[PDB]
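One chain follows as structure tokens, the form solved without the named molecule.
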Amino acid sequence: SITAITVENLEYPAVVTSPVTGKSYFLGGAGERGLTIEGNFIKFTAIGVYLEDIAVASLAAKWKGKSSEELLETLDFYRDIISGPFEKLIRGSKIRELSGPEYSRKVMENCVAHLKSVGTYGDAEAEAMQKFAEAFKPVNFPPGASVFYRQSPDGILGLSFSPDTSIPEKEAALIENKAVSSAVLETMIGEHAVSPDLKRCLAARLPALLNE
């Protein structure tokens, strides 16, 4: 009953299933990301956020019967999405070929920013971020290539790279650290998140579901 979303010709299936956890997620939102070079916005990748099907039951309690605008304006709503007792899956597909180290540099920057910001950037998180970086080094993302972030509610971040746009069956690395595990999503729909495109999709699509 939920639609799919195509971003720059890169398609995001309405629903999906993890070959790693066997769980099922539904599309929460999609969008684009890039760089602004002298006023001009140059797109580089498409991003999508999937929420485990059980996420609805969880969110029902506090958000069933809210308006797409009430949601969009309430931070607590997104905190619940970020740190909800379910798995979240984030798929980044490239529009412009970037190397593993190239792509990772910025996101890692935002993750460290968020972590030092909320006072949770210790030796553990630093090392976790080095492992994070380490996993991208041997990789390259030609157009259409994807990166999958599996955010386990158990404080683990699953990392897997795909040559195309389908979910790889094995994960490249597992980052075991609570703070870091949510950092990535935090930089996309958190309070201090730039581009509201994903927040808007979430606020627009969830209401329907939270009623059935």
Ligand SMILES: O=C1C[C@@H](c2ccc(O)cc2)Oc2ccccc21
The other form holds:
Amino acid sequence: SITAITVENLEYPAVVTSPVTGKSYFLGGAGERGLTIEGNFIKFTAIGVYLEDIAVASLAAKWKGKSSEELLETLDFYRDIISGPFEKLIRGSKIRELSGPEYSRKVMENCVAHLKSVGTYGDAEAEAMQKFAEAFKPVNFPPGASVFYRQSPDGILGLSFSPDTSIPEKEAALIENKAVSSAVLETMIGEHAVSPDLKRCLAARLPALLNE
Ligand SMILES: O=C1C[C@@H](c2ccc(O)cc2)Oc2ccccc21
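Would you generate the structure of this protein in the form deposited with the named molecule bound, following the form solved without the named molecule above?
So here's everything in the complex, that chain up top.
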């Protein structure tokens, strides 16, 4: 039943399969991010969050039978999605052109704030974030180009870059750090993520799946 979602002419298929891990995912939600300039929301990128198919069985126990409205207001629900025992794939496709450094600046800012916020920002995490930064430096994201974050439940964050929206065969880098591995998704649907579009998609789409 899960449908595809299109954001600013950028389409997010209902399902995708990783060329890296071979695992298949379903679209949990899609939205957009940007900057508010002079009270005006300026869109820069689209974001899609895919959850490994096994996520359903994992989330079923605790969340089956809950209404979308109920899930949306429950922080614990999103915590299970962020740190659940399954892989998550996040695809960011640019609406406006951004260089790797330009784009990564904000993302890293948000990740670092979160990490410090929960008391897990030591030397290992700073080094992981520096490696994160390094991976983006040689990259440019013209409209339509994409970044793929593969959040492995084993504490690893795989980074892939594409000239368009197709998922690359090989990953550009592997950030091996547990706390950092979930930081990116946390800044998107975690408690302190202001933008609700992704959270709403998840709360709306998951109930149907959690019942069958
Ligand atoms: O996926 C993104 C894009 C990022 C961003 C937007 C505009 C820009 O110029 C640089 C980075 O903002 C964000 C903030 C929070 C969570 C995800 C994101």
